[PDB]
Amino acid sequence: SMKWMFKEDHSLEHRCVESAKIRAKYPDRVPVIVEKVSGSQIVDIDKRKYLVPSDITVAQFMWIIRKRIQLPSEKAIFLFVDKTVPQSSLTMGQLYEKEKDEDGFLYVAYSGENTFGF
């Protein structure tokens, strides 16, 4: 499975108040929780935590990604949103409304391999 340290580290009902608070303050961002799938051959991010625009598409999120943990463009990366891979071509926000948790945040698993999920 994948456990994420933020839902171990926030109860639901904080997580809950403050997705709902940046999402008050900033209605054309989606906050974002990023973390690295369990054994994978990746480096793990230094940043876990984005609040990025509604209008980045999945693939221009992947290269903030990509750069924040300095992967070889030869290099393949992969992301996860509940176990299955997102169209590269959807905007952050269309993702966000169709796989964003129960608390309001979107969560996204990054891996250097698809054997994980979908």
Given for the second form:
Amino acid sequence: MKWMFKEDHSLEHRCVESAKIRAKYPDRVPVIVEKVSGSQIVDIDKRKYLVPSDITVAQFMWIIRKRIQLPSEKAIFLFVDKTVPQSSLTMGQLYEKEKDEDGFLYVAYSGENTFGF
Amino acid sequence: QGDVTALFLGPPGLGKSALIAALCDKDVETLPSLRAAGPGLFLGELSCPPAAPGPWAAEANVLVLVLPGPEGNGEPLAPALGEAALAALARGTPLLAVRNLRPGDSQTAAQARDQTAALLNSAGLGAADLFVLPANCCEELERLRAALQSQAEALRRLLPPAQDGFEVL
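What does the same protein look like in the form solved in complex with its partner chain, given that the last one was the form deposited without its partner chain?
Then the entire complex follows, led off by the chain already shown.
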């Protein structure tokens, strides 16, 4: 799963970026969102989010659904470190458990992708 | 409206974390991990070795070298760290250097200053502002704090806020 964000920035650049935003907004978590390479679901305009730590994974999935205007009768999935995150975790909890070494949390999403993940 | 990052780079074991804490102890916020040292200024540190200094220094809006004295194993300014400091200077990044003396050092503050000033000059880093903290540390520490803050006041207008590009939900 190539991540454009990582391709676009050095590891050091990403570390200082997340560190600055974590020091400055301690109640929020920095998140990169990318659709699954090769999947059929519509793409999302913005990749980089500052998400309140107290909202749940389930609620973040609804924010993403709204950002891509996914009709309600289509399914969406999020994936973090190769697995489906627990929907009832808060984003702060998910961040602490699955954050990248660069200090960002990387969330991929797809629809019912015929090609899996 | 931008936020400034000063990175302290230099050998392990020189007390860079405690230096950053001492610098931040008298700040209103106290009421790589970055610590706020007054509005608009974050301080971080990386031990080089083993981190390659170049890619980190490239992210420093202010670059602070932390250097040992001559007694140490090797030499105080490692090649990669000297080259990273030259690259900062070339691009106009403000450069500071620190000698953090500590109990029972072979060098008085005066000797450490003269020898470290000479070393820096000979490596093309004569424009580095050199701070020599006595073992007892103080006046030099407060000069360092104020130099960091004033360099950062000037740079904020060149730099975006940290939220730049983030969708803030």
